[PDB]
Amino acid sequence: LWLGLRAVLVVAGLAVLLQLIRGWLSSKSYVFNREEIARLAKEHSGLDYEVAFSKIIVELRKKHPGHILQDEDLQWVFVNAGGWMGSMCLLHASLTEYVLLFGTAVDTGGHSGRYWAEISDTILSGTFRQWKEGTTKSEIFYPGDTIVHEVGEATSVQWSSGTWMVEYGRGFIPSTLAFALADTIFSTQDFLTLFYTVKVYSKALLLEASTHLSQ
Amino acid sequence: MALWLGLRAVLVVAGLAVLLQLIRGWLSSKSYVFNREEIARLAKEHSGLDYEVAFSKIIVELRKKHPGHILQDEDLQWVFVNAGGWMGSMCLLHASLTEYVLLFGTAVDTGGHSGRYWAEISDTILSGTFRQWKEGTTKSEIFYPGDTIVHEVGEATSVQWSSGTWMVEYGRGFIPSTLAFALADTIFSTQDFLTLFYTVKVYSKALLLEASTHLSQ
Amino acid sequence: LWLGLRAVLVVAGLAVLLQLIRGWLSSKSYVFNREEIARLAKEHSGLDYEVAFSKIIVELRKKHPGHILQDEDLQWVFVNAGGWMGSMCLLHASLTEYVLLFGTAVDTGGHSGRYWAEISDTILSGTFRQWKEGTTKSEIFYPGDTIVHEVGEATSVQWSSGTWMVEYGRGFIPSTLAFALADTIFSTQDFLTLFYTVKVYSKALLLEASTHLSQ
Ligand SMILES: O=C(OCCN1CCOCC1)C1(c2ccccc2)CCCCC1
Ligand SMILES: O=C(OCCN1CCOCC1)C1(c2ccccc2)CCCCC1
Ligand SMILES: O=C(OCCN1CCOCC1)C1(c2ccccc2)CCCCC1
Ligand SMILES: CCCCCCCCO[C@@H]1O[C@H](CO)[C@@H](O)[C@H](O)[C@H]1O
Ligand SMILES: [Au+]
Ligand SMILES: [Au+]
Ligand SMILES: [Au+]
Ligand SMILES: [Au+]
Ligand SMILES: [Au+]
Ligand SMILES: [Au+]
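Residue numbers (the entry's author numbering), protein chains in the order written: chain E, 3 to 217; chain C, 1 to 217; chain A, 3 to 217.
Everything labelled a hint here was simulated from the structure, so no lab data went into it.
C-beta: ideal position from N, C-alpha, C; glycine also.
Incorrect hints may have been included.
Quick look at which bits of chain A chain C covers, simulated, 3 or more residues with Cβ under 8 Å [to be verified]:
1. 79-85
2. 184-195
In silico PhoX-like links for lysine-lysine, alpha-carbon gap of 25 Å or less [as the list claims (entries may be wrong)]:
3. E:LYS57 x A:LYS139
4. C:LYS139 x A:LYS201
5. E:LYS139 x C:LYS201
6. C:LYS44 x E:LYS139
7. C:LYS139 x A:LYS57
8. E:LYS44 x A:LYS139
9. C:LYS201 x E:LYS134
10. A:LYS201 x C:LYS134
11. C:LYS57 x E:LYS139
12. A:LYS134 x E:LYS201
13. C:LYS139 x A:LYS44
14. C:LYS65 x C:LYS205
Please work from the sequences and hints to get the whole structure.
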């Protein structure tokens with residue numbers, strides 16, 4: 003039964019880690035909230051998305067100091083996943099939450115991805131077409147609306163050539179990195195972008211670790 | 001004995017050569033259930049109604065003229081399909097080792113590679129638009145409800161669909177050869193393994209139903 | 003430290019092979035130049051791109067005999083990379099240069115790819131949307147314009163259903179085939195197109211080598 007030792011060790015490891023992480027998510031104090039980020043974006047969902055980005059980043063650093071990356075650690079990184087292409091401006095990220103500014107300047111679309119995280123996007127500009135699984139009709143969302151991509155749900159997304167939004171996710175963030183980097187490995191082969199994504203995600207983790215040490 | 005390093009290589013070449021003649025001889029001596037004109041005619045008769053109403057009447061007509069070969073309503077579900085760079089959904093009605101009939105379409109604007117496989121495929125558009133770009137050309141053609149696109153064996157084209165395109169599709173050949181292309185984006189791009197499970201689920205039910213019909217006959 | 007011998011040989015092998023190629027590219031006599039191809043393509047940037055294809059091939063074979071493939075060795079080969087799909091007509095190709103006619107008859111777009119080659123495209127018809135890295139707005143280019151994709155640059159490309167262009171690239175051409183065939187391996191699995199791409203690239207390499215033997 004020695005050959006089965008490896009198979010038992012992974013099943014026991016996955017079952018223990020599944021209860022360890024799920025019990026952590028149900029007992030962890032969270033920094034941001036899905037309604038908090040959506041409300042913040044709706045305050046400026048009339049202005050220019052560049053003007054909205056500035057006022058949103060300023061308001062986030064006031065209400066949650068020590069949790070948003072500095073302007074020195076901010077950069078627009080391309081994101082290739084599920085067949086669509088966009089760019090992100092990661093403001094905050096931990097092992098359980100993340101807040102970023104996502105959007106695209108071209109017409110893209112594809113698979114939303116199925117992972118262990120609840121994702122909410124509040125559109126600031128452009129349009130957002132969503133196709134839920136098992137249906138034959140899609141819905142188009144406009145600036146001001148908030149789309150909630152629930153955990154375990156898989157939909158089809160599509161954006162116009164000027165769509166920008168504010169996004170908040172909660173769950174187990176590392177579970178999404180397999181889907182977020184799939185097209186970067188097998189399609190674009192833009193390993194420099196792969197480096198940028200790990201770079202800014204590590205800075206957000208080190209910043210979050212630095213805040214817990216001071217408290 | 002130089003045949004030791006070549007033992008795996010010869011067995012695969014011998015295995016492929018034996019399997020190639022056994023499958024191609026089967027396709028030339030097997031009685032087929034459906035017909036390429038039969039599915040296309042049935043879909044074109046309902047290409048003026050709403051595609052949801054057309055789906056219902058086509059499934060009824062298929063179960064009337066071909067009982068025991070179309071899945072029951074309990075075993076039907078819309079499964080996402082990501083392949084060649086496009087994304088849609090299918091409703092597998094019938095499928096065997098040599099034929100398959102399903103309802104495919106998309107609610108978004110997608111497009112990509114049609115895939116090159118060992119199966120002749122015909123699609124009759126019920127709604128939306130269908131742009132096809134054949135290999136070796138510099139211009140594309142747009143197909144409208146009522147038209148039928150024939151994707152011959154070994155042909156590779158570029159496909160593109162509008163945000164409301166739905167169609168009835170029939171394929172004949174060696175169906176397992178197409179599953180390698182149908183699941184490529186599901187493995188390397190979307191990683192939606194639950195959809196991968198659904199595809200294997202609905203394709204197995206169609207095989208078990210078709211096998212269940214052969215046992216009673 | 004015995005197992006680190008392979009790792010040192012790889013670091014020394016990659017660093018030395020980088021110096022030899024980069025120093026070769028910076029001191030090598032080239033056949034074509036981007037301004038030569040750009041002027042030739044801009045003169046024929048009209049509506050009838052098929053007539054433009056013929057007139058460009060004739061002019062290229064006059065001023066550069068023995069460097070452009072004959073009509074017998076020409077075929078339109080599909081190109082799937084970065085999420086977009088088009089077709090190419092390889093006219094000239096070496097280890098450092100290539101001249102081809104690229105375009106698409108459908109609406110595609112995706113990652114431009116980051117590789118070791120400077121690429122310039124002069125639009126003959128259609129439209130070309132380029133989304134530079136780190137920005138939030140994209141630009142649309144029209145027939146007559148020339149887009150220069152420099153080495154190490156990564157952008158988002160998008161084309162309309164009638165875009166055709168003349169392209170010239172210079173750098174390390176074998177480094178670009180890894181990106182050009184990525185989607186063909188992991189998405190389309192069109193092994194026949196993979197054969198066509200290697201076939202026409204081999205004929206173009208053998209043609210360029212055949213001219214060096216006669217000279
Ligand atoms: O930044 C992202 O992409 C937002 C776009 N959204 C739009 C629709 O819902 C899913 C993704 C993701 C990320 C990237 C990098 C770090 C952490 C997260 C979010 C997880 C899924 C994709 C990659
Ligand atoms: O369900 C499909 O996709 C329909 C779309 N049509 C549209 C364009 O031409 C090819 C397929 C396919 C399938 C997948 C799995 C089982 C049975 C069939 C058909 C074969 C080629 C792709 C995958
Ligand atoms: O032929 C091509 O594709 C042109 C399309 N362009 C359009 C935008 O910029 C990058 C590619 C490429 C090639 C393929 C085969 C041989 C030599 C070159 C050029 C390098 C990058 C992709 C593949
Ligand atoms: C590649 C083909 C694109 C079609 C050209 C017309 C539309 C492109 O124009 C786009 O319109 C949007 C507002 O409407 C803007 O947000 C985009 O920045 C602009 O590029
Ligand atoms: Au930024
Ligand atoms: Au920003
Ligand atoms: Au269904
Ligand atoms: Au159905
Ligand atoms: Au050609
Ligand atoms: Au040509």
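### Query
Keeping to a limit of 25 Å between CA atoms, is the pair of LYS44 (chain E) and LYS139 (chain A) held or broken?
Since the Cα atoms of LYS44 (chain E) and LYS139 (chain A) sit roughly 22 Å apart, the hinted pair holds (cutoff 25 Å).
### Query
Within a Cα-Cα threshold of 25 Å, do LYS139 (chain C) and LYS44 (chain A) meet the stated pairing?
Holds. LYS139 (chain C) to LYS44 (chain A) sits at ~21 Å (cutoff 25 Å).
### Message
So if I understand the rule, the pair passes when the alpha-carbon distance is 25 Å or less; does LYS201 (chain A) with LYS134 (chain C) pass?
### Response
Status holds; Cα separation ~20 Å.
### Task
Starting from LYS44 (chain C), check that the Cα of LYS139 (chain E) is at most 25 Å away, please.
OK: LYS44 (chain C) and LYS139 (chain E) at ~22 Å, within 25 Å.
### Task
Compare the distance between the alpha carbons of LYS139 (chain C) and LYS57 (chain A) with 25 Å, and conclude whether the hinted pair is satisfied.
19 Å, holds
### Message
Need the status of pair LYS65 (chain C), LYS205 (chain C): alpha-carbon distance at most 25 Å?
### Response
20 Å, holds
### Task
For the pair supplied as a hint, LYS57 (chain E) and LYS139 (chain A), confirm whether the alpha-carbon distance does not exceed 25 Å.
19 Å, holds
### Query
Does the stretch 79-85 of chain A contain three or more residues whose Cβ lies closer than 8 Å to a Cβ of chain C?
Since 3 is at least three, the answer is holds.
### Task
Could you grab the alpha-carbon distance between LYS57 (chain C) and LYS139 (chain E) and see if it respects the 25 Å cut-off?
19 Å, holds
### Within 8 Å of chain C (C-beta), three or more residues of the stretch 184-195 of chain A
holds (count 9)
### Query
Keeping to a limit of 25 Å between CA atoms, is the pair of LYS134 (chain A) and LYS201 (chain E) held or broken?
Satisfied, since the Cα-Cα distance of roughly 20 Å is no more than 25 Å.
### Message
Between the alpha carbons of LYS139 (chain E) and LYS201 (chain C), is the straight-line distance 25 Å or under?
### Response
24 Å, holds
The structure shown violates none of the earlier numbered hints.
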